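One chain comes next, on its own, written as structure tokens: the form deposited in one PDB entry.
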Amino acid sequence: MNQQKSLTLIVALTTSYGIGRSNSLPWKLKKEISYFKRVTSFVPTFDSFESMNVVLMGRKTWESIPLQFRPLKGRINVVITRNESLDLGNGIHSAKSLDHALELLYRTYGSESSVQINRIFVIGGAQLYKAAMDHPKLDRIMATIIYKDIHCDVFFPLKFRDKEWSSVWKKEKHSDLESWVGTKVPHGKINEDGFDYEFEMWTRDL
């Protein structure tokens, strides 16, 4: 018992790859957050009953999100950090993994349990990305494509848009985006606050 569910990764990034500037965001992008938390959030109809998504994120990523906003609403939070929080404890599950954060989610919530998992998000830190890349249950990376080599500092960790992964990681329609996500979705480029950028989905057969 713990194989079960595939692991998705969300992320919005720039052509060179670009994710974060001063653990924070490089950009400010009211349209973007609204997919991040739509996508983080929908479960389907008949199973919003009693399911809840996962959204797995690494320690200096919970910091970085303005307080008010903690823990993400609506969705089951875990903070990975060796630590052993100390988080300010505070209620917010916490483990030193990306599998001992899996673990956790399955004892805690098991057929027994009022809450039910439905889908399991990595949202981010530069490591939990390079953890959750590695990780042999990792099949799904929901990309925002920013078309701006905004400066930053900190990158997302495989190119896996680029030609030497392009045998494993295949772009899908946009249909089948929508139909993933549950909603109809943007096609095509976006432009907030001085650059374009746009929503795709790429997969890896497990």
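Positions refer to the first chain, counted from 1. Take the two forms, superpose them, and find the largest set of C-alpha atoms that agree within 1.5 Å; that set is the rigid core. What changes on going to the form deposited in another entry:
Once both forms are fitted on their rigid core, the CA atom of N90 lies 2 Å or more apart between the two forms. If you fit the rigid core between the two forms, you'll see the Cα of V185 move by less than 2 angstroms.
After superposing the rigid core, the C-alpha of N23 moves by 2 Å or more between the two forms.
In place of the form deposited in one PDB entry, the structure of the form deposited in another entry is requested.
Chain only, nothing else included.
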């Protein structure tokens, strides 16, 4: 009973699969973040009294976020890391691997807890994404496609939008995306601060 839930990868990347630039962060998308927060926070109203989603991220990602929005409120935060020394936090968890975090979540948030898990989201880390892509529970990717060949030094590990993977990963209909995210979501591209991007949902059979 350690895999009673599937994982979801959420990420923003360019057509060239770039996801990072020597720390920097190649683009200004206030609306994208808004979508991000909305997707990773959404939970069925009925079971909203206790249920909460989870966000797993690598150390680098945790640092990349300003003290301001740390930790992500309304969501269970768990940072993955091996070398854990003077780890701060207050309500955040710590795990040495993707599977280790899961087992901790199922033991810390079992039926004996007043807080039940709803959806697990893998939100950050080129490395964490690597581990996730190879995971047997990951069957969904919430991707934001940035149609701008900017410069990046960190890329997504697997070209799921390319022909070579077309028999495995399939892009869902827009309405299906809106359905999974519950609330409404923009169709087509969204221009913001000189950037054109779009939201897509991809899934595969396990």
